[PDB]
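The chain that follows stands alone, in the form deposited in one PDB entry, written as structure tokens.
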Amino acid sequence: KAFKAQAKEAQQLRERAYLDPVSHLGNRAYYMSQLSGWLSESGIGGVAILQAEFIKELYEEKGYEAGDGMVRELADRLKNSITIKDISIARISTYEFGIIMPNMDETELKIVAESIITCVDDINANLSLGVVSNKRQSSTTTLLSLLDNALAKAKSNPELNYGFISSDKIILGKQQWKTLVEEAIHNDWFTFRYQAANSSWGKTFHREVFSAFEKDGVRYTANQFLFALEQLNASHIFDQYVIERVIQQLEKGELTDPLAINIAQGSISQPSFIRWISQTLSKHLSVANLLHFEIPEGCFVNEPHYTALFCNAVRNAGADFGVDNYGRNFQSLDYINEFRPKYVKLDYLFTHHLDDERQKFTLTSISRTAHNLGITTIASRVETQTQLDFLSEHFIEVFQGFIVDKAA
């Protein structure tokens, strides 16, 4: 099949496999997959369960038309009223909704809770809302238990609008992360890990860079502050420091493999950064061949102008780029044709928890779309050999994760 036929097939399968037809939100499996990936990777943020009792009544009293129409109306309201980065909005039941808000503190979660209540108020007992503030990585069983208690508390005392639970640890503000990151950038406190992405034979396609730094014997990883830098607009300050450092180790002459650097969405949106990247890569043209710039899919779909500027400047200096979280935005896959990325890193959603028939088709279709263009398909966070062999039957060619990090 040609691209447009293949891409449209991939977008159809992705919609039928992970989206609720009526609400057009994520379905039950989507919510289940999103929850497991966020909890196992960071678990920092908030999760909420909205029990739209008024939708339940319409289904039992007025029929499917009334309930369906109200589900769609509330779904569009939530989808438009809660614009939070990397948020997950899913319909986990006929009248229940699950929301995942990564990297959000209790004060921001409680604001979103009143916003979800305001959505229901605009669309005329009515609801029960349970909000859980999560600080550390835990099991999906433990978090779902906390949500179940958050709901119980909202019903136990309807003197409040929503039940709130926190588990457990006084966190850091956004400006506190900035001064903390700027200090690590000041003294070169940052440590770098290189996770290899290999083919089934062990051929290293590239190594994704992971950053961390220490203070007081406490270790902070990039995903603990990357959002605060973006929300403070200062994400370019960190991405420039990483690129500078990665160029040094490349100029030590030892690393023969390309290095993948994650570029923040808020970094490419800044014209100063795209200028800074073209000057840096011009004065380090020797090692640009070993530079892979991992662009999130959000930049291609929502900032295609700056991304085209960044991609053009990157490829005219000998470097290349790839798509990170490929397919995650549930939008058009056209940009694969217009940008022709060197690789696509499939999002966690389309690679894990493939328990249903249609999920596997979506993987093959979404992967063929890039494969049939000569674009290397990569699956990350691959933790098992049986997982690797399974993904290789669905047009995944490069693998990254625990199975690669255990070998030798």
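Positions refer to the first chain, counted from 1. Note that the rigid core is defined as the largest set of C-alphas that superpose within 1.5 Å between two forms. First, how it differs from the form deposited in another entry.
Compared between the two forms on the core, the listed residues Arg136, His305, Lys215, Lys252 keep their C-alpha shifts below 2 Å, save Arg136.
When the rigid core is held fixed, the Cα atom of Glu73 travels 2 angstroms or more between the two forms. Relative to the superposed core, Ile268 undergoes a Cα shift smaller than 2 Å between the two forms.
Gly63 shows a C-alpha shift of 2 Å or greater between the two forms [criterion: core-superposed Cα displacement of 2 Å].
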Given for the second form:
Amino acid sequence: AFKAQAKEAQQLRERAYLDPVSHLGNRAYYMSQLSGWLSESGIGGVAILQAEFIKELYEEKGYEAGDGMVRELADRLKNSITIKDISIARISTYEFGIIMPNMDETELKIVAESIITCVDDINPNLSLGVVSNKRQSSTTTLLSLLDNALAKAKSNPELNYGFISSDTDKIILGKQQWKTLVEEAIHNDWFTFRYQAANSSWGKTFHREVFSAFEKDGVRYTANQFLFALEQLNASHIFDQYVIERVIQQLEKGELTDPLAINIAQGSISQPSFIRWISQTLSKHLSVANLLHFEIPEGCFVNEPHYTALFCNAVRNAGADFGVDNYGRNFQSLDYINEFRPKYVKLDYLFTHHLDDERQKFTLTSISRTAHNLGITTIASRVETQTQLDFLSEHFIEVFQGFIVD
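Output the structure of the form deposited in another entry; the preceding block shows the form deposited in one PDB entry.
No partners, no molecules, just the chain.
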């Protein structure tokens, strides 16, 4: 009976705390290791890694290939980066949790730097959020910090990882807390709007892109702080419908003479009620329909082409038009332009970031010709310096947008 109990104990232990796919700790293992680390010392850092490319693999090539990639990333992650008291677990379907005790901020960065380099050799599309615990924090607090840091990494892909320290003065909220605050901001009309003009070299204004923000108790919140929570909760269409209503009100006032570019989140386009909503509202404001440009992220066209085409049809049937926002980020998978024929393409802002890389300049010219050959206006994005402005000039970009154009 000894052999029964001893081996039954290990199988029960692995059933309770081990995820069969990744062969790492499961979510319950992670919370146990997290709660014990906090109650004893709480000195160290915590990190979360999301493998969105594994999510894209699951429906594309089935789950046999998806499970194999989870195991591969798990095997590659765990055999590398071995330190004392290191907890590595699979806390959800597409994200991994990591606990690094007895490490200060600089030590976590080298571990986080080693994580990312550990995922470049193994598939060649991920996001890494890391937080350092420098105050006494509860377990829900660190998970909220971990989630907001992950949103920071996604919203700024030029960062290798998103870093937030537990002592930060920044407002950190959970997903449902962000949604409640946005609903509060929508209800009380706390929103403010900015209009950035996209101008040609001749001063002709193509359109003015609308940026949404809101303020509560003297604190200002921008869209990249809460948009991850709304899309994860399938509530971003509430936010987009409010912005579209407010923008159309301004056009109905006969004030703005030029077209306005409204950003649309991906989670809103995959909502069929939002696709019906656009047709119903655009038909009630046909006079201003020609002055509305809907800015659709490139991720929509390549990941949700059918939802996007339904949205694009509704937009154009009502006398409006649309463009692409992160144009060029998904290079070698950018043939959707030929099918969709957008009115414009707004370049990925990472093109103004790495001018010196010769391979970056080759991709930039190639996607520039493709749009113009089809008669599609190209727009450079987030241009800050005359150096960026002059370097983008060699790629025959028609109109420019950013702080240097004012």
